[PDB]
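A.B. asks: Each chain, written out:
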Amino acid sequence: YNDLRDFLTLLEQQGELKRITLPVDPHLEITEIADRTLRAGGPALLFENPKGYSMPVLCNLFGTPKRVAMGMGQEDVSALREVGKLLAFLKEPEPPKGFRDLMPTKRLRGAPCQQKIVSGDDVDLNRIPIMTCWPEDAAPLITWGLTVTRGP
Amino acid sequence: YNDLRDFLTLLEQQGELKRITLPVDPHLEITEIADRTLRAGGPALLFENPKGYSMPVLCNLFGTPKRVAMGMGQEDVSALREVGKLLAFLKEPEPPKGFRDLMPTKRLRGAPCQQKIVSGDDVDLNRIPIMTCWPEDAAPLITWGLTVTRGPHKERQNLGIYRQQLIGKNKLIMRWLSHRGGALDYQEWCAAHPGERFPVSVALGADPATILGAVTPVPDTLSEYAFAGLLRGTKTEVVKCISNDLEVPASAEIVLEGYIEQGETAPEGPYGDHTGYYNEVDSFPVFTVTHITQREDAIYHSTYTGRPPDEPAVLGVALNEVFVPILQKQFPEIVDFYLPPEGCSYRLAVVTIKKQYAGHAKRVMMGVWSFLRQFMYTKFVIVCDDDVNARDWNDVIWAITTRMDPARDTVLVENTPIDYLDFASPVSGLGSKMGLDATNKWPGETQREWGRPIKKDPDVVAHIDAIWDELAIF
Amino acid sequence: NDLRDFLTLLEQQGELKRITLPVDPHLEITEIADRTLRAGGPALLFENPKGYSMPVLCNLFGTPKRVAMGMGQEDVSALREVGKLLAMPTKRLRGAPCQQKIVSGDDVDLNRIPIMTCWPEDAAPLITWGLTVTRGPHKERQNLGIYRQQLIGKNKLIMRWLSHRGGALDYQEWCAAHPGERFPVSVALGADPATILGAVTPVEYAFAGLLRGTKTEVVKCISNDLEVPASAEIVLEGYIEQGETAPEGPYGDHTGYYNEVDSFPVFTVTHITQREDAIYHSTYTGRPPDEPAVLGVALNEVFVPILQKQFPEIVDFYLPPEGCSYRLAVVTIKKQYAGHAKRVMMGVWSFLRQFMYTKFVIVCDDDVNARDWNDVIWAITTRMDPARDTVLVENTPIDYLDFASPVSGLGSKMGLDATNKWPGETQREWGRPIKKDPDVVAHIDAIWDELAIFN
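Protein chains in written order, with the authors' numbering: chain A, 6 to 107, 120 to 169; chain A', 6 to 107, 120 to 491; chain B, 7 to 93, 120 to 235, 241 to 492. A prime marks a further copy of an entry chain.
Next up, chain A with everything else stripped away, as it sits in the complex:
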């Protein structure tokens, strides 16, 4: 609801989340487990013992239409239709000037995403359990994470 953590506690309650405390390698091993998992329904996976990393790797979060729906505050694949109706309506909010005579972003000061910080000299990306997907892949590849940019 408010953040990812809350979404995972919700899913874990609904049996939609599984924790693999067993040692797993983020180098194409996580994909294999995730692949089989997704290929058979399967819950979101949370590997808390990645070989050589301290960060648990969370994947296959939206591996089911049910979970995708839930992630949108609907908890029902069908409800997605209501989201379509909304999208349509949002396109034309106000009328032209001729016949017109008839949800802000809450910015905080502090943020949990800035609890731990490192910069410049020491910003080793190698500390993050970035995973490799297939045997012929070039190198580890960040796959999620929304890139934010602004026009000039």
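By construction, these hints were calculated from the structure, which means they are not laboratory data. Built from N, CA and C at the ideal position, the CB exists for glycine as well. Errors might be hidden in some of the hints.
[Unchecked claim] Just some of the chain B residues that point at chain A', by a computed CB distance under 10 angstroms:
1. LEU33
2. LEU92
3. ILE259
4. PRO325
5. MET451
6. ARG469
Got chain A sorted already, so can you dock chains A' and B onto it with the hints?
C.D. replies: Just chains A' and B now, kept in the frame of chain A:
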């Protein structure tokens, strides 16, 4: 503004109206005069001396895009775009229940359209100067006048433009071509109350807004009359009928009330329409007029259809100016969207976009044949870049001929839906469409060095643009 | 008689407007002439050209009625008899008016002439008209031909010889017979309508003659033997030094695109024999239609009678300017059987050679005005079905310079059968056109004035 009369006094002041006090026959003579008139700009015509009738015949009202615009409280052909923006916005008024937590019709008691009344025993339609258009036409035919009907269960009512043949002193033919509008309310009433007569009313000479509202297509999320209100600025004043609950505009000039006797039909004799050819005889429902109500010194509004430029043809050009923005909102690449009258108002369209990638032309193509319902029957689409005037055949032909390879750049798709009356098709209601993009070809679309087009200097076109009037060339 | 005389009559008919306001021959005249032509508009005489003395004549052939008067025929469709004619010298005057003024040596200076620039990206000013005269080193018969010459010096123009036959052929042989010797050349600007017109027709000086009956008058050039028209407003007598070739920067042409760079012979001007109060005559070639296109339209009338001898059913053959006056054709005929339109189609793509490169052919019935898009589109949209009425022939020969074809010199053509379909072609009830009875037309005809509709 409020009623037709006011619209004509306005036009007459602006030199857009002319009164032919000379004796003229509503039997194909008015058409001839109107035709020539419309074929050369010409004002709306008001014949106040029809041979054998007391009602002056008013025609060619929307014979110019200017006058069509004015009739919509805009007084500018360009302004029509604002009407398109409005139409788009009206479609989605309110959000779904899920995320929701974050212009009425002024009915009067009395009405000038009911100043004079006759019914049943004496409802001679022969008194009205209904005009005949072409020499081979079957008989006099009412051409304007919005037909009002109501469904057997829906409170909302529909306004329709159906031509009506004169088959009796009090019988007309109701030609409901479409499978919607009044035609739907009838086949529906027949179900809900089989055998019982279907109520119908036709209003002749209503305010330009109610007329144009009936013409322009509006979303089912709004009543025809309602739309007229936005256009006009004020709510439209309607009034209850006499033999039914239907509502007709109170300022209407003449109003015909009656019914349609289930099963009663009649062959709609040949008539020439927009295509410029005669329609072949066909059977249709017959409207029985039990009541004729009109104003004092009421004038008969009428028109005609034939080889374009047509009275309706120009209305369509003016009406297409409103779709442009509705079309652009969907395809921002579209610069201009035009449908030449010569192409029978809808049979051909020219689209000019800002090509941003190979194969783009095909998208706008499919777009035209699917987006809006008023362009599903057009069988010819030409796609061009923004350096060509979609409204100038010299520019379009140049494009077709210089930046196109027939076999390579033509898209033919078969067995698409087509107008039941388009005799030129292999089979009624089924035909093919042709798309021809004449857009500059990009690498991939071609392997040759494309030509560098001549582009006029903006400042020069701007200079002689000012000194132009000083240069008394014409 | 001559140019000066043709302008008189033309103005006598309200077909020639003098422009007193100062207009710049640098693409400003073009912008004006271009609007004038596209919308009817009479010939234009720019009397007050910016930065120049002599006035500028432009767009005199921007209307088929002017091209008609340019031979006293008054009949645009009178060239048809000329075509049928395809089955008389000059009068070499001694001392012509076009020699009332003469200059030479380093006194040439072409910058003094108001030669115009047509488009904002054009290499330099260009001489669109001009009757280029050349005498081969063999026969005593000189050639004409119109070639555009780019200004590249106080007395240097680029002689852009298009094909390899005609004026260009001379220079070639000449270099062979007389290797290393300067090749005489001259260019007349302002010859009478009959002369210039005849200059642009496939058959040279004789043709112009027949166009006016009486033979044309010529005059020996002051620097060479070439005989230019006596009625000329100004003559450029010079030579083309062997081996001297300058690059002709990009110029917009009749197709409405810029032509890539290319090298051509350079005309060295040694003399400029003009006349007192002489005017400059030129045109412009840009996105069609343009002065030259609407002119070829009239010239293309000499082929109509040749096409009719072979295809009697053809009622009218037209090649609108918008199609580069050769790429698209519209033929109206008196159909006599199913599939008739196809026979005509291929007839267009094969009979005459000058027509075998028409990319688009539209066949219609005689009740259509091939020269009226309101009638053609009507026919196309009301009597066609894209699917079966379109003929697409592939891998055929086409303009080597037409970059729209997939390959140079090879591409496809499209035929449009917009004729009324008959029992074999359609299997349904064709429509009967709305025809008006003359009695009612006649009536309002006699009443039209009374009805002060527009008065």
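A.B. asks: Which hints, by number, does the structure contradict?
C.D. replies: Failing hints, ascending: 2 and 3.
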